[PDB]
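The lines below spell out each chain.
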Amino acid sequence: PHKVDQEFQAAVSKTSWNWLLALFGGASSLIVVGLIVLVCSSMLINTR
Amino acid sequence: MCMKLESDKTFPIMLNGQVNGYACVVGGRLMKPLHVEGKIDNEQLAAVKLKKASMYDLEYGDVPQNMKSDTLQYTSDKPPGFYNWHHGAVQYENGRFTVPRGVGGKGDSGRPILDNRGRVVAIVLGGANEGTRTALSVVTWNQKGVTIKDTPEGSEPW
Numbered sequence: 391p392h393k394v395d396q397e398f399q400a401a402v403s404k405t406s407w408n409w410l411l412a413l414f415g416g417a418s419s420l421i422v423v424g425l426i427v428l429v430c431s432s433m434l435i436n437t438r
Numbered sequence: 006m007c008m009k010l011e012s013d014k015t016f017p018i019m020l021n022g023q024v025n026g027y028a029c030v031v032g033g034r035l036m037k038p039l040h041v042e043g044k045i046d047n048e049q050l051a052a053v054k055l056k057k058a059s060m061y062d063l064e065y066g067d068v069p070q071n072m073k074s075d076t077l078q079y080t081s082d083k084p085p086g087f088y089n090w091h092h093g094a095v096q097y098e099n100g101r102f103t104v105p106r107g108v109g110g111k112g113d114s115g116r117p118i119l120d121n122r123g124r125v126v127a128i129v130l131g132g133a134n135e136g137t138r139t140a141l142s143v144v145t146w147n148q149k150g151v152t153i154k155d156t157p158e159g160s161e162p163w
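So the protein sequences, as listed, match chains D and F. Residue numbers for the first sequence follow the authors' numbering, beginning at 391 and rising by one. Residue numbers for the second sequence follow the authors' numbering, beginning at 6 and rising by one.
FYI, nobody ran anything at the bench for these hints, they're computed from the structure. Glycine is no exception: its CB is placed at the ideal position from the N, C-alpha and C atoms. Hints may contain errors.
[Claimed, not checked] For the chain F half of the interface with chain D, some residues (derived, Cβ under 8 Å), not all of them: (1) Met60; (2) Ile153; (3) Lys154.
So that you can see chain D by itself, here it is in the shape it has in the complex:
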């Protein structure tokens, strides 16, 4: 029998964490860009 038990934080390989976190960080970066341009639009409508 196996001496240890699988864990979700461990059984996922480091390069696969890198790929999944890369896609998730890309999605979060585009969300951050959207909030940034929304803040810029708020600045413009305060300027007018």
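Based on these hints, arrange chain F on the given structure of chain D.
Same frame as chain D, now just chain F:
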């Protein structure tokens, strides 16, 4: 004066039973307010697709053939006061457009304020009765020439 000047250019907006606003032909642009609901008249300037603004409370488009008659130049060159109007004369004292009491009701939420030389200066949207004399929320052009809004406190659309 201005009543004949803006004629055949200030096209009224129907509430399906009466007129609830006016539409302007400014620079090839069919400018009408968004709070003024209903159907615009004619067919040459009614079948076009308009794009909402929602920050200036207008809607704009283009005319297909009427550019020869779509002649209402907008101008931000504006000395302070003594400007003509559909109904009377408007005053721009203290940087604010001002009108005497009473005049201005439903059906009059979209007509231009002209210049002394027949140039569109302002497009009225609403008003408030307070202070020394009543004031108008209106879309105009600033010194730099970008579209700007000037609105009093409690300026509901008449």
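Results for each hint:
For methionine 60 of chain F, the shortest C-beta to C-beta distance to chain D is roughly 6 Å, which falls under 8 Å, so the interface hint holds. For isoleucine 153 of chain F, the suggested interface contact is upheld, since its CB lies about 6 Å from the closest CB of chain D, less than 8 Å. With 8 Å as the threshold, the beta carbon of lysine 154 of chain F comes within range of chain D, its nearest partner Cβ sitting at about 7 Å, so the hint holds.
Hint compliance for this structure: no hint is broken.
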